[PDB]
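Shown next as structure tokens: one chain only, the form deposited without adenosine-5'-diphosphate (ADP).
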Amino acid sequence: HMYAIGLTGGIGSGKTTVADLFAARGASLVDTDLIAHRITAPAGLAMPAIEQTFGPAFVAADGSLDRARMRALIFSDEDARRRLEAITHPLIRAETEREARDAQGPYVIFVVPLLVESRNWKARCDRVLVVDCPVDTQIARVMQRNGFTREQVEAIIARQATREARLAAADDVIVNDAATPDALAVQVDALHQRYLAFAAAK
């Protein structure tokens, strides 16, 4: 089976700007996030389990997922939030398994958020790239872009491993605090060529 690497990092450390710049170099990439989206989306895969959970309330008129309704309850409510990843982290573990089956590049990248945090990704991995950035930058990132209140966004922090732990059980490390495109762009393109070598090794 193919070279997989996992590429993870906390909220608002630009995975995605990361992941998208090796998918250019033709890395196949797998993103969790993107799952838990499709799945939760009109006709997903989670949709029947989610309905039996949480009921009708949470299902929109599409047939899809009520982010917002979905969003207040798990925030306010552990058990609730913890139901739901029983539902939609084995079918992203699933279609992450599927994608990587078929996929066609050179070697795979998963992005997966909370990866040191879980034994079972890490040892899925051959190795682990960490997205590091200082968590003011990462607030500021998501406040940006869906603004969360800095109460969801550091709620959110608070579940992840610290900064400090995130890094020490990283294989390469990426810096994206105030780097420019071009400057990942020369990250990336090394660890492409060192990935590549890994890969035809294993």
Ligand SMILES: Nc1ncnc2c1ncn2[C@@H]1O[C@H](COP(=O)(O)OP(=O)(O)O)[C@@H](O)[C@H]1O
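Each form is matched to the other, and the largest set of C-alpha atoms that superpose within 1.5 Å is called the rigid core. Residue numbers count along the first chain shown, from 1. Compared with the form solved in complex with adenosine-5'-diphosphate (ADP):
Of the residues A185, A23, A179, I11, just one CA atom moves 2 angstroms or more between these two forms under rigid-core superposition; it belongs to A179.
Right, and the form solved in complex with adenosine-5'-diphosphate (ADP) of this protein, after the form deposited without adenosine-5'-diphosphate (ADP)?
Since only the chain itself is given, any partners or molecules it might have are not part of what comes next.
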């Protein structure tokens, strides 16, 4: 068993920021969001199924997913959300095992936005690391980064687990609410070490 850490956290909480720090220290990163984008890019592994299931309406002229039109439809119709996720999730799952098999570091970190929401991911990981922060900080950061409105972010936040549920399912926690990310490194240093020890013991 390659030692596996699930890194999760709500939208805008800091998963990417924390993940990078662990990568700089030699952890092997498998970002399920990068995979989700590539499998729906031009020539992506998920596109045949998506065209078939949704129609050429949702395939843009470059072959990729029309992320806009879809962005709307799965918000509008949560029968459609489940229909898309039923295509993408198994593929993401699969690409994850495949990247994990090839990973060269002493342990792996799977960056998984909807980790605790899913039964399968908790079982797949040796530990869960939650990057936590207040909901209003999530909102401000995601408005700033992606240009959305409150309502748009609030809508994603509502489709995700509460802070309390996330914190309850954690083995490890990094509260990322400082004005600045410079102090995160101290926390990541210590977790890295503990992770090396965990892995070595298994």
